[PDB]
Structures are given as structure tokens and as C-alpha cells.
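Here the complex is missing one protein chain, while the rest keep their positions.
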Amino acid sequence: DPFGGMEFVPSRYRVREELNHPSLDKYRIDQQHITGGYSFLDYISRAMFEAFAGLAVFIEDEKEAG
Amino acid sequence: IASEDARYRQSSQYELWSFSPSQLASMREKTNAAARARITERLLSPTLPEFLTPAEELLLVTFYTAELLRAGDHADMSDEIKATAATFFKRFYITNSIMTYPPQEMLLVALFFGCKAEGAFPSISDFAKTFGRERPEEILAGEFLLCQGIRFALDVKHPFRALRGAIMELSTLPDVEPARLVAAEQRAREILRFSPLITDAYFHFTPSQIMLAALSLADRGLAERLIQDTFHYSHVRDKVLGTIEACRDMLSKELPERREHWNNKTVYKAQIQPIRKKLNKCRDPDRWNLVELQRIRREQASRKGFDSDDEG
Partner (left out) sequence: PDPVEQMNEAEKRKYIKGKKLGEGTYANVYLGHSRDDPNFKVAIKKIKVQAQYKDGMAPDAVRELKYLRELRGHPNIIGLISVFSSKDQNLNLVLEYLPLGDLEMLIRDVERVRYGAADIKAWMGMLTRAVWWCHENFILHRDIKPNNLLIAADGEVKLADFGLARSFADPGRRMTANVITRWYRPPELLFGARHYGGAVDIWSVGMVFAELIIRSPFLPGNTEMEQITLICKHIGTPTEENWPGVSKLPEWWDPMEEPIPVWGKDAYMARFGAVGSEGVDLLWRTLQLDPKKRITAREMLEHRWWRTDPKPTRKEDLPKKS
């Protein structure tokens, strides 16, 4: 196992190639973003994680149970 | 047992700054009661003043959290900075009472430290310029104090980027209309920019939960669609929907339209000003002046028992 048992594999979502947002289109064609190496895939992956991270984390019930 | 949920529970936001509404009230009440006892003991060294009620204490925090956001808007700060500064402010005054440290000053400190926490390290002189503050040292005096108050937890998680992520998942559906999607995102963003920062949303709900709630208020159809799809492909689905609905109701009580309520001159004079006067006569005499609090704590650490200015 190359990731030392730490590989993150999302459960309720999947980051596929078809994901895009028109607000990104302005930057994808910005010379500085492309020639400079800005990763739009990482941004999409960052948004999708935060959109689902802790969706079934019930703060009230979990904290009162301790 | 989602893997993205497990990773979230390792954040400081969950282990340190996530509680139940019953836990939140008890902390705030005990912080006020302890502050009441601490200030009372000091005064004797004999008519005591009227101390603020926990609800009146929480009312000023809400008023100054809205003023903090307004201040951020005028300074054209990023949404992530505003949300972080506001959260630091709310977190500071749950471990600390308003009768101990001045909220008028901690407001500026939370904005200055919020910048740093989000990768913006401006010059204190330039920061003081934008807020018409003549002496910048008045702001620095509370920086380290704020850091302790928020318990050194600088990683705050916001739902703004989560919103743009949720829109892309919806854009893959062919039945949904783009113009409908744009309107939902536009409104949900304004909701996220105010509603969960002025209420206790962060303490009881996850950025995904809050994000879906703001979208549910903007377009309930889209929010229900997104939740149905992911669980389609159980009992947990109903428990998540119930949680979002609980968050949906909490947010509705302080929608973006309320921005004018907390900036109203009549609301201020009638509801806020009385409280500020009650606070002006029962505040902590030694800690209210941050610059002096800092002065004596620096001199106490340098000079242990050496002194040549004491007259008794």
C-alpha cells in the first residue's frame, strides 16, 4: 500500500471530469493561471469534499451522547 | 461511517467548537456567572452595580457581530476573512464574558487576526488606517488575548466553497434549468454571508449541513434533489433531512434582510443603548483597557520584584 493506509476515498460523492462551473471559465483561459500551473481540478476536489464533509455528522446528538 | 465525515470529526471546529444548544447555553451562563463573581470580589477592595443578563450579554455579541461584518464589507475584505473574523469573535465571547473585555475593541482584533488566519498579513498601520484608528497599538493589545480565547484553533471551515461544489453536482442533472441554478446560488450565497454568522449555526451544524440549509431556503427543490440523489445511489437519509430542517429553521430567524435591523438607529437607541449603559458601570476595571492590561503584564514578566515607581 503506497499511501500508508491513509488514502482518502470519498463515500457519498465522486469527483468526475464533467464537473465545472461557469465562474471557472474566466480563469481557465487566463494566461497566468494556465502558464503558472494553477490546478482547477484541485479546486473542484476541494469544493466537493467540503460540500459533503460531515453530512451525517450530527453534532447535537453525538456530543450529548458523551 | 462515511470517510469524509470521519476526517471532519478530527478538526478543531468539531472537537473544540461544536456543542449542543444545551451545552452552549450552560457555557455562556457559567461564563457570565463566573465573571459576575470575579468582578464582584474585586469591587469590594459598598453598592454593587447591575450586571448584564446572559441574554443581554448574547444580545450585544449579536449586535457587534453584525457591526463586524459591516466593517468588513466597507473594507472590501474577502468572504472567507469576514466569516473567520466573525467566528473568532463569537468564539472569544463564549469562553469570555462581555463584562471582562471590551467588545468594541475585540471587534477590530477579530478582523485583524482573521486576515492572518486566512493568509493575509497586513501592516497594522495600514489596517488601522482603513478603520480610522489613530493608534494601532490599541488593536495589537488584544491579538494574543483573542488567540487564547479561541483556544488556538485557527482552522475555521466555511460553507462558501461547499456551495459552489454543490452547484456543480446539480449542473450534471439534465432536467434542472441553468437560470434556476444561478438564482439559487446567488441567493444561497447572500444567506451564507449573514445568516449563519449572526446565529449559532456553526456550533450545531457542519458546513455541508449549513450549506444545504442556505440552499434549501433559496430553492427547497434543489436541496431535496441533491440529498435524494446521493442516498438513492435509508434511515440516515431521514436523519440528515431532519438535521438540515433544524438548521433551516435556525437560519430563517436572521435572514439577510435583517442587515438593516441591526444598523437601525431606532433599534440601537431602544434595544442596544440601554445595555451599553448597564455594561459601562459593571465592567472589569483592570482588563477593560487592553493597552494597560498589556503594559502591566509585560512589566510583570520583565521586572519580578524590582521597582522604583511604586508609591503605595
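Here the chain labels run A and B in written order, and each chain numbers its own residues starting at 1.
By our rule, a residue touches a chain if its C-beta (ideal position, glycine included) is under 8 Å from a C-beta of that chain, and two chains touch if they have at least 3 such contacts.
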Which of B:161, B:193 or B:248 touches the missing chain? It is B:161
Which residue from B:67, B:143, B:190 or B:200 sits in contact with the chain not drawn here? B:143
Absent-chain interface residues of chain A come out as 2-4, 6, 8, 24, 26-27, 30-40, 42-43, 46
Even though one chain is hidden, which residues of chain B still touch it in the full complex? 10-12, 31, 34, 38, 95-96, 100, 112-113, 116-117, 119, 121-124, 140, 143-144, 147-149, 151-155, 161, 294, 297-298, 301
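In this text, only the chains that are shown with their structure count from here on.
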Between chain A and chain B, what is the gap in Å from one C-alpha centre to the other? 25
Quick one: in the complex, what on chain A touches chain B? 8-13, 18-21, 23, 44, 46-60, 63-64
Chain B to chain A touching residues, read off their complex: 2-5, 7-9, 14, 18-23, 157, 159, 161-169, 171-172, 203-209, 211-212, 230-231, 236, 239-240, 243
